[PDB]
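Presented below, as structure tokens, is a lone chain in the form deposited in one PDB entry.
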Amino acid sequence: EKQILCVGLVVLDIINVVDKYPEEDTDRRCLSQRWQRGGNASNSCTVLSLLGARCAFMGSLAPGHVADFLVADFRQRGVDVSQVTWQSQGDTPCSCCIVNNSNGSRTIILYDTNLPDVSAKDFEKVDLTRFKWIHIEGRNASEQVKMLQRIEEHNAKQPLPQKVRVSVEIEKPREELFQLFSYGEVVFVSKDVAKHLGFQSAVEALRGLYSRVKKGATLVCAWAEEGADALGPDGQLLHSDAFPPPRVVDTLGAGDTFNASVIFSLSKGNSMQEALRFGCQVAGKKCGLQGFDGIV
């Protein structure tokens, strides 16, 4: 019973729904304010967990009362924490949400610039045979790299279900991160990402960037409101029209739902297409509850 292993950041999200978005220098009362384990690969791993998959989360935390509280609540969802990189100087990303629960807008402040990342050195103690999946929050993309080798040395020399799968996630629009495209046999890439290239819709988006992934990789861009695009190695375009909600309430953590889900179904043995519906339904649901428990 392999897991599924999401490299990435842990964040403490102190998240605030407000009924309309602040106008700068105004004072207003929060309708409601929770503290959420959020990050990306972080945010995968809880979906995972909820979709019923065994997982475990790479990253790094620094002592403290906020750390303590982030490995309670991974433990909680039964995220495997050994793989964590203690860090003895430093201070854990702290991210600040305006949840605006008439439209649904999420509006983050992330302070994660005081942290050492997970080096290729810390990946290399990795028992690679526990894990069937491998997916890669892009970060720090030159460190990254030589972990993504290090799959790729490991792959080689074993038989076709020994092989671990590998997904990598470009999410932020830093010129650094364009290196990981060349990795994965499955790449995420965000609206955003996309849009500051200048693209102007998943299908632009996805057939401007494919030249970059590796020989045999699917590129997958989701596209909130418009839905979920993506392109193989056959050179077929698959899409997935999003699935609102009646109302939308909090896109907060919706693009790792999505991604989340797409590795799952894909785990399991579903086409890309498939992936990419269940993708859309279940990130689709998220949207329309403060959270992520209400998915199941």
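Here the rigid core means the biggest group of C-alpha atoms that line up within 1.5 Å when the two forms are laid on top of each other. Positions refer to the first chain, counted from 1. First, how it differs from the form deposited in another entry.
Put simply, after the core is superposed between the two forms, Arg28 is the one residue in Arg28, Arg34, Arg247, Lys268 with a Cα shift of at least 2 angstroms.
Counterpart to the form deposited in one PDB entry, namely the form deposited in another entry:
Coming up is the bare chain, nothing alongside it.
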């Protein structure tokens, strides 16, 4: 009955599949175009739902056609959005994406602004006993640090079988987000963050960044087509190769698929080695199809 909660961003992705990258100053038909619910935390809710886990999303929405599409899509997947922060006004962000079918490239034109992120005041109203796992996409670090501290104070009063497991994603190389390294039992660190901090390989990143994580936590670093690596308190450097499809056609959300699949596998009691393998398997399969529905 307990759900998995993901806190972070939801956007509307308008995805244009093309057979060649558009030439500036021209008009040309795409191969296909679709509206797709996006955002890191939102995409991980999609994959968790497809994998069979009841999950909830916490993010910001503003009234309009965009939010109406997103709410209906959330409902279709069975993702709980009762804790979404509804802003009085604003523009729900929309990403225009160009997916080149010929070379597998992914180009994202991101919205110029975002709605205000979920506040710690917002998060304080959440009944934490509803959830066995809470994943936070690193965005507004000062507010999210307070959220993570609230979960720690909650867990201090709970016995072992009723503690809420926590994971965080640190994807953008913004110094403020690095306060999140010291929270959660699993920390997903992006390749962009690793390179920004001076590491040019997943193995180097784990060795160099492990001192930042909380006592007993596991650091996870996915490295695109090179697979994914992890380092936990037992001191073993773990690695899974990627599972590339015969033809890479859609990598948008592949990292979100990896994140959700690792969470799913760990929530079912699997080892980090198996969860890393499972995450690359599901994410690699996703890269060979459009959207997420085909991962099954």
